Amino acid sequence: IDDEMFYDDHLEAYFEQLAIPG
Amino acid sequence: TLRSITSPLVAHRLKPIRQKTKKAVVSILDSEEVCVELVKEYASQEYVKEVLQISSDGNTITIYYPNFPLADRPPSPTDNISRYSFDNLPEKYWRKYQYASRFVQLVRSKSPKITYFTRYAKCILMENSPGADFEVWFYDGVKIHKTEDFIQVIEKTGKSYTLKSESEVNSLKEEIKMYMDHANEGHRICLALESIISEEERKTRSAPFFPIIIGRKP
Amino acid sequence: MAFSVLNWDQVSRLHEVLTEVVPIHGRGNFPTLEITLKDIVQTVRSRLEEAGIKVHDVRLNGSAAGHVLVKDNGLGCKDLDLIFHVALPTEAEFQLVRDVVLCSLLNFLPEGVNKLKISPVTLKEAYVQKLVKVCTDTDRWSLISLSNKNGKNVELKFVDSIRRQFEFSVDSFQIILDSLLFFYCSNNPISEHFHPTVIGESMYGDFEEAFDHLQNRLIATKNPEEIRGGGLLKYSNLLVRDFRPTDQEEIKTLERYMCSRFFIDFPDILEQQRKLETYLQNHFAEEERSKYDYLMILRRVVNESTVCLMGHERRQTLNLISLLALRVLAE
Numbered sequence: 217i218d219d220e221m222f223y224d225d226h227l228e229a230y231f232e233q234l235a236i237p238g
Numbered sequence: 586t587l588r589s590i591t592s593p594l595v596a597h598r599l600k601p602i603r604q605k606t607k608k609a610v611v612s613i614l615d616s617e618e619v620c621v622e623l624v625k626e627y628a629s630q631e632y633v634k635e636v637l638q639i640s641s642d643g644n645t646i647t648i649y650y651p652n657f658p659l660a661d662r663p664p665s666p667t668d669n670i671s672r673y674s675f676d677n678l679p680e681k682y683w684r685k686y687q688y689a690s691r692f693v694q695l696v697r698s699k700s701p702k703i704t705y706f707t708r709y710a711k712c713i714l715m716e717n718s719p720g721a722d723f724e725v726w727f728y729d730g731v732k733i734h735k736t737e738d739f740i741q742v743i744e745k746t747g748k749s750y751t752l753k754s755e756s757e758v759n760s761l762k763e764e765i766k767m768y769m770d771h772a773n774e775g776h777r778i779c780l781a782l783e784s785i786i787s788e789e790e791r792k793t794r795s796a797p798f799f800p801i802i803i804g805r806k807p
Numbered sequence: 012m013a014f015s016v017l018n019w020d021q022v023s024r025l026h027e028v029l030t031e032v033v034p035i036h037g038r039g040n041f042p043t044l045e046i047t048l049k050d051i052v053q054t055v056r057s058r059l060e061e062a063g064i065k066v067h068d069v070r071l072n073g074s075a076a077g078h079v080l081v082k083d084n085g086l087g088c089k090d091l092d093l094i095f096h097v098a099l100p101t102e103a104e105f106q107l108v109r110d111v112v113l114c115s116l117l118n119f120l121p122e123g124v125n126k127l128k129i130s131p132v133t134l135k136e137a138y139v140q141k142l143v144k145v146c147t148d149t150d151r152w153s154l155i156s157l158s159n160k161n162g163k164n165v166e167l168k169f170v171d172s173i174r175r176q177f178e179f180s181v182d183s184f185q186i187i188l189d190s191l192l193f194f195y197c198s199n200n201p202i203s204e205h206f207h208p209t210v211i212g213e214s215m216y217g218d219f220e221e222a223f224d225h226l227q228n229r230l231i232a233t234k235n236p237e238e239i240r241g242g243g244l245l246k247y248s249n250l251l252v253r254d255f256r257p258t259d260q261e262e263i264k265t266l267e268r269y270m271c272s273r274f275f276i277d278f279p280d281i282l283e284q285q286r287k288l289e290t291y292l293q294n295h296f297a298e299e300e301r302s303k304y305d306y307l308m309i310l311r312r313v314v315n316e317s318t319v320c321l322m323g324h325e326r327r328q329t330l331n332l333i334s335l336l337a338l339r340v341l342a343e
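Protein chains in written order, with the deposited numbering: chain C, 217 to 238; chain B, 586 to 652, 657 to 807; chain A, 12 to 195, 197 to 343.
Treat the hints loosely; a few may be bogus.
[To be verified] Below, computed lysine to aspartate or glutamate pairings styled on EDC-like, alpha-carbon distance capped at 20 Å:
no., chain 1, residue 1, chain 2, residue 2
1, B, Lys625, C, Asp218
2, B, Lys634, C, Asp218
3, B, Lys702, C, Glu232
4, B, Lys607, C, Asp225
5, A, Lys141, B, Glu789
6, B, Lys685, B, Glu617
7, A, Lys234, A, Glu178
8, A, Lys246, B, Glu617
9, A, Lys160, A, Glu45
10, B, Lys600, C, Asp224
11, B, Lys608, C, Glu232
[What the hints assert, rightly or not] Label-pair restraints from in silico Cβ distances:
no., chain 1, residue 1, chain 2, residue 2, range
12, B, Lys607, C, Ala235, 25 to 31 Å
13, B, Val624, A, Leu341, 41 to 47 Å
14, A, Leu341, C, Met221, 51 to 57 Å
15, B, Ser629, A, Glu31, 49 to 55 Å
16, A, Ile309, B, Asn644, 33 to 39 Å
17, C, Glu220, A, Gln293, 35 to 41 Å
18, A, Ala297, B, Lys608, 20 to 26 Å
19, A, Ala98, B, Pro651, 30 to 36 Å
20, A, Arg268, B, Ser665, 25 to 31 Å
21, B, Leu659, A, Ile276, 36 to 42 Å
22, A, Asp83, C, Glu220, 57 to 63 Å
23, B, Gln630, A, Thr133, 34 to 40 Å
24, B, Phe657, C, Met221, 24 to 30 Å
25, B, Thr736, A, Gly217, 53 to 59 Å
[Stated by the list, open to error] To give an idea of the chain B side of the interface with chain C (calculated C-beta under 8 Å), a few residues:
no., residue
26, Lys600
27, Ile602
28, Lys607
29, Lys608
30, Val611
31, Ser612
32, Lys685
33, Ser700
34, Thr704
35, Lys711
These are computed hints drawn from the structure, not numbers from a lab. Even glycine gets a Cβ: it sits at the ideal position worked out from N, Cα and C.
In isolation and in its complexed conformation, chain C is listed as follows:
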């Protein structure tokens, strides 16, 4: 598995939500 990339856009929605209370 040690080739996998997992940094796609649903995670971007997650990050947006993280910074929203700011």
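Could you slot chains B and A onto chain C? The hints should help.
Relative to the frame of chain C, chains B and A by itself:
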């Protein structure tokens, strides 16, 4: 030993998230345990061969093999279950564990722990301790970002650029030195606050003391 | 931990357990094995010693010990748990122990005994029902289960070290079997004037106190710190079998402790439902009348001992219990 190559993961305070990828599904549940689903294709649907449930201090690892079809949530465990402790885990599971570790690590580096508002900037200490990422979002638009390695800067114009080593630190436009001075003041402050609040938590015995917001934009 | 000695009545009942012919179901087309505890224990111990793994002890755990110590008690006979005190350092030995156990499974068959090729995987997927490997800080043991149906489930557990699974007084009993397997060497059977000395043990405290608790039907524990999720469910089973707390004062506190640790360990109601449906299908497969009484004992305990601040989650679980009742009250 695995401990000589990476540190044990920490899932405390991390928001739940179900992230699909090409060869796997990773999920941070509400219980803060971390689940990794192995996905294999048959016929025209995808199944889950094994499940890796990792404790919040990743010290206890439960791993099971049910047969289950992929779903909106991780499969429930059967009875064919294996329970291991971190230091007796066999090499066969290390690569997967390092996958979850690097994932958790990346989430931590973007999950705020202390937000701090100054007269000039919104600082954000992330959770990826120690040497946690540290973002300084100046109100006028200038961006600063400090990692244990690189330090990214942006200017209003958008001249996005990066720096290596302490060779160029002193020799720079003293305006950017002003930005870095305020950001290092903020970094020392935020680390002090983290340390003292943590110590009181060490004494304390209840609900978490982080995340934490400090100040306000005027 | 104390040490006691089964009288002749008790030694006889132990002998009956060890010579009882137990049927083992075969998932699929595989025939039912007509095994015996003495035989399995012997074969497993012999091949473990031959394979280079010392077996220090062989003990009988579960409700079987309690049925031996007190004839036709309230606890039934569905459980037949064996413990082989065996050293388990590397995973290599754990894998050998699995191969040895599956091989000794192959040894009991009525005709196809010559099938010296039937492999350990088809045997796992045909005869094994529950498999559990544990190798942690303190805990270190392996567990293989046999089929659960019209017979009784035989569970073989190989303990290197165990965090002293402490429980209620009534299931903390272990009987050291060595004396009775060795004793047959005699050419004649065991009689009243001629029996072996058998030794019982208690995994926490005075053995005579647990025995008293078992004769007078008392409920008691002394390590509540180390209690996990299923204690409450076990406690309600004791309740449905007319056992009473050792002192009505402290049991309201024990109840609160079990409830809090239950909510901490099963927060998701879906996980609760799975846990309960499988508990019910394990302990009350056919005791239909017992199921409703059990569900209402649980509901009573949850209602009285759930702290006020968790009333919301209380109602959700009370509702799950209620829905299970509407089903147990029609079929």
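Verification of the hints:
{"no.": "1", "hint": "B:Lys625 - C:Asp218", "result": "holds, 16 Å"}
{"no.": "2", "hint": "B:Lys634 - C:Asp218", "result": "holds, 18 Å"}
{"no.": "3", "hint": "B:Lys702 - C:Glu232", "result": "holds, 15 Å"}
{"no.": "4", "hint": "B:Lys607 - C:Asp225", "result": "holds, 14 Å"}
{"no.": "5", "hint": "A:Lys141 - B:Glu789", "result": "violated, 45 Å"}
{"no.": "6", "hint": "B:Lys685 - B:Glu617", "result": "holds, 18 Å"}
{"no.": "7", "hint": "A:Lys234 - A:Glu178", "result": "holds, 8 Å"}
{"no.": "8", "hint": "A:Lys246 - B:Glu617", "result": "violated, 27 Å"}
{"no.": "9", "hint": "A:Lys160 - A:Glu45", "result": "holds, 14 Å"}
{"no.": "10", "hint": "B:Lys600 - C:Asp224", "result": "holds, 17 Å"}
{"no.": "11", "hint": "B:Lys608 - C:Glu232", "result": "violated, 25 Å"}
{"no.": "12", "hint": "B:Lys607 - C:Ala235: 25 to 31 Å", "result": "holds, 27 Å"}
{"no.": "13", "hint": "B:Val624 - A:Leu341: 41 to 47 Å", "result": "holds, 42 Å"}
{"no.": "14", "hint": "A:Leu341 - C:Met221: 51 to 57 Å", "result": "holds, 54 Å"}
{"no.": "15", "hint": "B:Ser629 - A:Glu31: 49 to 55 Å", "result": "holds, 51 Å"}
{"no.": "16", "hint": "A:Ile309 - B:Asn644: 33 to 39 Å", "result": "holds, 36 Å"}
{"no.": "17", "hint": "C:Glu220 - A:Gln293: 35 to 41 Å", "result": "holds, 39 Å"}
{"no.": "18", "hint": "A:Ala297 - B:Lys608: 20 to 26 Å", "result": "violated, 41 Å"}
{"no.": "19", "hint": "A:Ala98 - B:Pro651: 30 to 36 Å", "result": "holds, 31 Å"}
{"no.": "20", "hint": "A:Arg268 - B:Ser665: 25 to 31 Å", "result": "holds, 29 Å"}
{"no.": "21", "hint": "B:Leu659 - A:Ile276: 36 to 42 Å", "result": "violated, 29 Å"}
{"no.": "22", "hint": "A:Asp83 - C:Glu220: 57 to 63 Å", "result": "holds, 60 Å"}
{"no.": "23", "hint": "B:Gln630 - A:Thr133: 34 to 40 Å", "result": "violated, 26 Å"}
{"no.": "24", "hint": "B:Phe657 - C:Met221: 24 to 30 Å", "result": "holds, 25 Å"}
{"no.": "25", "hint": "B:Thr736 - A:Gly217: 53 to 59 Å", "result": "holds, 56 Å"}
{"no.": "26", "hint": "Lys600", "result": "holds, 7 Å"}
{"no.": "27", "hint": "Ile602", "result": "holds, 5 Å"}
{"no.": "28", "hint": "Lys607", "result": "holds, 7 Å"}
{"no.": "29", "hint": "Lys608", "result": "holds, 5 Å"}
{"no.": "30", "hint": "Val611", "result": "holds, 7 Å"}
{"no.": "31", "hint": "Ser612", "result": "violated, 12 Å"}
{"no.": "32", "hint": "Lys685", "result": "holds, 6 Å"}
{"no.": "33", "hint": "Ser700", "result": "holds, 6 Å"}
{"no.": "34", "hint": "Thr704", "result": "holds, 6 Å"}
{"no.": "35", "hint": "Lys711", "result": "holds, 7 Å"}
Consistency note: the structure conflicts with the earlier hints numbered 5, 8, 11, 18, 21, 23, 31.
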